[PDB]
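A single chain, nothing else alongside it, follows as structure tokens in the form deposited in one PDB entry.
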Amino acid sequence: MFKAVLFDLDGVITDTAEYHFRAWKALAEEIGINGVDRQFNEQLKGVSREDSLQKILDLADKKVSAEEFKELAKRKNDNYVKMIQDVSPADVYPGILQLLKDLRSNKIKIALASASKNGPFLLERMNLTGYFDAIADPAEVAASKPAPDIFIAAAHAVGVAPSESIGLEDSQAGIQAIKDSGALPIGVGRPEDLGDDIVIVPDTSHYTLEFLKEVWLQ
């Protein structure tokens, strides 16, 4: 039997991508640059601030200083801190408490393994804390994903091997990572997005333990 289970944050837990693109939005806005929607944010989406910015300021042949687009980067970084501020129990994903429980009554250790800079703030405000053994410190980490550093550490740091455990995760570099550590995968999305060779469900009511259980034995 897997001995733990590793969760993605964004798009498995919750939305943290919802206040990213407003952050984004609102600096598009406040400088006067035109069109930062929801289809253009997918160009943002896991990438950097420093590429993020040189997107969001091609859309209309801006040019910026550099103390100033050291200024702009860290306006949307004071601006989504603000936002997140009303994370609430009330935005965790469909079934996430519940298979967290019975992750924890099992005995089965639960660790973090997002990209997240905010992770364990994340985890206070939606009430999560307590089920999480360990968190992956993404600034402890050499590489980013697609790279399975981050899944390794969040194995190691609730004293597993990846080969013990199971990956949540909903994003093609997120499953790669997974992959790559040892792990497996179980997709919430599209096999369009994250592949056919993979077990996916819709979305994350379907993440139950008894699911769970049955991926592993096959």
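Residue numbers count along the first chain shown, from 1. First, how it differs from the form deposited in another entry.
- Two rigid parts rotate against each other between these two forms, and the hinge linking them lies at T16 among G187, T16, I96, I56.
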Given for the second form:
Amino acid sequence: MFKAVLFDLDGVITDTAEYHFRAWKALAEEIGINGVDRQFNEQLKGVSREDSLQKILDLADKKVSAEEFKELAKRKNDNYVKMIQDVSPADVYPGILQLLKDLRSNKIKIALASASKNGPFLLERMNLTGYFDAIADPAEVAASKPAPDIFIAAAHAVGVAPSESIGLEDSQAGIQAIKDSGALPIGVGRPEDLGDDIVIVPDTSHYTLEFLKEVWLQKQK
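The form deposited in another entry is what I want next, because the block you gave corresponds to the form deposited in one PDB entry; please supply it.
Just this one chain is shown here; partners and other molecules are left out.
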């Protein structure tokens, strides 16, 4: 049986989108730019801070200096840190808490393989820290997803080879990283987005220990 589960954070454990939305909306209002609504922020999913800021300035056809741009990006991050203080166990996605409990009670290792530089804090806010055996530090990988670096690091940090592990991901780049690490991917979402050659569940309530075990056994035949 698999010895570890490597968890992505955003789109698997929780969603940070509302908090990023709040942060951009606060910044936009401060500098007097209309149009930063929930719909607009949906289009920033997966998009870098710098590219996102440019999209906000584009709402007002606005140009700024390199220094001003840097300062605005910093201010957005300061806003985001404020907004995520309100993260709580209510933010945890369905099924995830029960899965973490079942993995730990069965002595299966649990690691975080997230791009979030606020991962440890977010886990603390959601009361999940005690379930995690390791957190792979994104600041430490030479290459981001789809590079497998972060999943390899997560597996190694809990004393396992990636080949002994399952990775859970909501993004196509994430699924690729899991595949190229040697771990077994189980995606959450749709094949149109993630690919047609992996096991996918429609939402996280399907991520049960029983299901993960069935998939593991089915995949080594």
